[PDB]
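Let's start with one chain on its own, the form deposited in one PDB entry, as structure tokens.
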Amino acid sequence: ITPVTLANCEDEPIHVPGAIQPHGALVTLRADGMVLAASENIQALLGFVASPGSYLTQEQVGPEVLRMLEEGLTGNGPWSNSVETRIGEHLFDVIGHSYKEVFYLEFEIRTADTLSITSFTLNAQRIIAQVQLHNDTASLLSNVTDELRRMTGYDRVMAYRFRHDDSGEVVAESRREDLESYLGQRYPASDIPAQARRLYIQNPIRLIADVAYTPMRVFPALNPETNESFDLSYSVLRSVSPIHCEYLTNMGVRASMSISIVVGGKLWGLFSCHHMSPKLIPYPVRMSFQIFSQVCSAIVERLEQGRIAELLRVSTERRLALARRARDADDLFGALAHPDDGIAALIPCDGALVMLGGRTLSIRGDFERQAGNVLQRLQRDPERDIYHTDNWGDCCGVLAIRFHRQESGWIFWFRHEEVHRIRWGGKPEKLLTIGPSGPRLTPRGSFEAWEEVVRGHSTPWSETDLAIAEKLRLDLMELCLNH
């Protein structure tokens, strides 16, 4: 019965809302096919009253439907299927699935004049051609963002990248003129709490037909079998958190639809479509996006590792240049401090320090004091050959490696505090009408929430950045020992 406030919202059970969106009806069955619960609108949408204890009957739901249901009813492992069928006055999409051991049948009115197979195929071809045309991982995102809008007619579609700390950044955008831009918006990991994030990962597509909707409750609330709520995780019609709804209306959005990009076990980022009036996307089309989601995820994965590959390649090429120079010139300092192949170019940094013997070369600033303090901190830890941190002198980020012990051969890279890369301003943008929860649920409030998180922090060191440092360290050890 608990109200969901700003304090609660982190722990909101959004998977068991026990209600569904109004653009469809829902019937929940148990293993034997016996009805356990239904949305309060089954009668109003489909001509009949589903009742707990009942079993579904032909042409109160039609034949092919039970035909489908029986197949999944007798199959081990998460059944999933859909049928198209006429029930009374209308034809329906009857998407059905089984999660836990409860079976779900979802009913959407089908208004499309097209054959489903071809509608599905047509859109799949169109939206994944965008995945064959681009080598830049950012062109991919940018282009499919522009294309998703062309296909769906959404007012605004955005592509979100998720950082290491699960904070988000709007990296692409295609929007109708009128609308303010959110390009470069960065948002925290909290803007999408655990359960919501778990769900985007498990579900390629989420659709919100109308944010201003009144939910259609499924009765009864609790599954008699367990005396605990129905887990609508894989339910297409599952209802929305009032918090998110308030957020979206603060923005002035009325319909959403998001396509996930999952790589590893991580939500790599999603495409968020936003409409200013309510909007619906037919089932077969959503399936076009679902399959797309899986392929795009695959290509983004490769494109990203193709990116790291090239980073490693030019790094070694520079380690080669470095090895070449060092042996022939015989001062390392000159080699390391080289303007372009120098260490400052090896790994993205705002500065670097080279330190062998008693001599100190600070390149791109005065870093001698910091390096001294960092080194003192490592006093307590004589065995550390590598040190790094984004919390901390005057530079937040530090990556230090040791290549000579006795003569204190050290290398440092430094990073300043992370800064909002792109920022809007210039003319006060319009007044958002703000709900009861407060300004926290506006983009402006989200951004501020993000600042408070990152400030005091430099950008984390790449998986890649550390790998390079490690290779460099090996190089110099080799050199110093060798000659």
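What we label the rigid core is the largest C-alpha set whose atoms superpose within 1.5 Å from one form to the other. Residue numbers count along the first chain shown, from 1. What changes on going to the form deposited in another entry:
The residue that stands out in 152, 249, 80, 373 is 80, the single one whose Cα moves by 2 angstroms or more between these two forms on a rigid core fit. The Cα position of residue 110 differs by 2 Å or more between these two forms after fitting on the rigid core. In the core-superposed comparison between these two forms, residue 272 has its Cα shifted by less than 2 Å. When the rigid core is held fixed, the Cα atom of residue 338 travels less than 2 angstroms between these two forms.
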The other form holds:
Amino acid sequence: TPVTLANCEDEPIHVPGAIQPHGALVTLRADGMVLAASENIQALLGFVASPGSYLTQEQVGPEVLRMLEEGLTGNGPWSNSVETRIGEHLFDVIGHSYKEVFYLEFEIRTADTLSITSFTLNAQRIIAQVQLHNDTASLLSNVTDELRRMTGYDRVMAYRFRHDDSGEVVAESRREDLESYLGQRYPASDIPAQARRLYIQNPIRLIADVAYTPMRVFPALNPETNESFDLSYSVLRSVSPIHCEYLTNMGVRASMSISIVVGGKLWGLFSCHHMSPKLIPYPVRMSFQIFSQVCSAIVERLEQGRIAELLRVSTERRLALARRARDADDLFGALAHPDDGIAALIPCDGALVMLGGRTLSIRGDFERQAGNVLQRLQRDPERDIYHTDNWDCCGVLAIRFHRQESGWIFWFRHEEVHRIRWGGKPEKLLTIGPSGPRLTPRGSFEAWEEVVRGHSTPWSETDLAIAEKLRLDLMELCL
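Let me have the form deposited in another entry next, following on from the form deposited in one PDB entry.
No partner chains or extra molecules come along with it, only the chain itself.
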């Protein structure tokens, strides 16, 4: 059924019946028999791959056939890209085997191929820069700027995805002309499950011309299975109408994205946008897929090194709490210490200490809410750690360290705030599509707002780790 805003969350974009027109596609079954092909084989390649047929050396050349032959029956690895000029143009021919189907893709090459030396040199510079700077925010920033020098794209941004899958533009190099989307936030809904899986499975993804018209592949179904063809790993797999509308609203008509994958999760991706159709040669894209690997590798460690630091200041800051509580025998004093205090342990907008009936509220008037939270927990006598990002103050983390005299510690966070807003000279809409204003950056951001309304920043894994240890410390102190 036709994709609407109402059902786009479930659009199966891995089994579209089409490909992008700047290439051709022939899908083969495990024994070499053609199962399907795209409308334009004869026009682009000058021959008709008929279902039931087997390709000949005559049709598609020795280079392609030899790859096709070692590629089909595929124990062990094999070169899966080949050059050949079947016609008058130049074709990179790319083959891969997913499920049990073999996809043979013909993509026209335009620009000079990858200069492997001048790519190695560029790889040095980037690794050398992040050698100096162990900010993962600096890596993103540098590689972003660098991607634009290399590719020549009009804009390249770096997205970081939070735990709730929402996105944030944490870097950007555009040409002076264009408006900046720096600091943009967008909801999980802007990158649906299927699209997200595809960003994890595929490092690089390219959209040559957004204002194109899809070239269908027939037959639509796989006669061997009576189900659609899975084009997850296809270089030419067509784009969604929804997205294409979104992109044209922005005035963008060529996209090129490099994934950053850590764990199973998609940690973020570099998005390259062009204002006119743009095509990047397969082997070049393959060099960028290397960046995808390197960044993912580096970013992973930079991140685990950061939580490592958080954990170090935590323990050191707990050590001070012991150096301090055991001397004068007053928790409150130690806990309320400005720099090393609990309000500084876990990032928050305020804290509250309870022991006996004594209440020390730090950075605001938190007794009332701490009182109300406690009344709730009264109906839940066995809970020792409470935390919610719903509820003055909607984020709450409570740990009980002494039950008899009801000793608790509370951290509070206010609603989540958009870090950086742009203002002044406002809003050149460019055309709006039929689907509505939802498919514009402003529409997306407003969609994010509605999502986070009433929610604080989520209690990190580490924030919870530190609090659980702090609770253990407080328990033994009271003993």
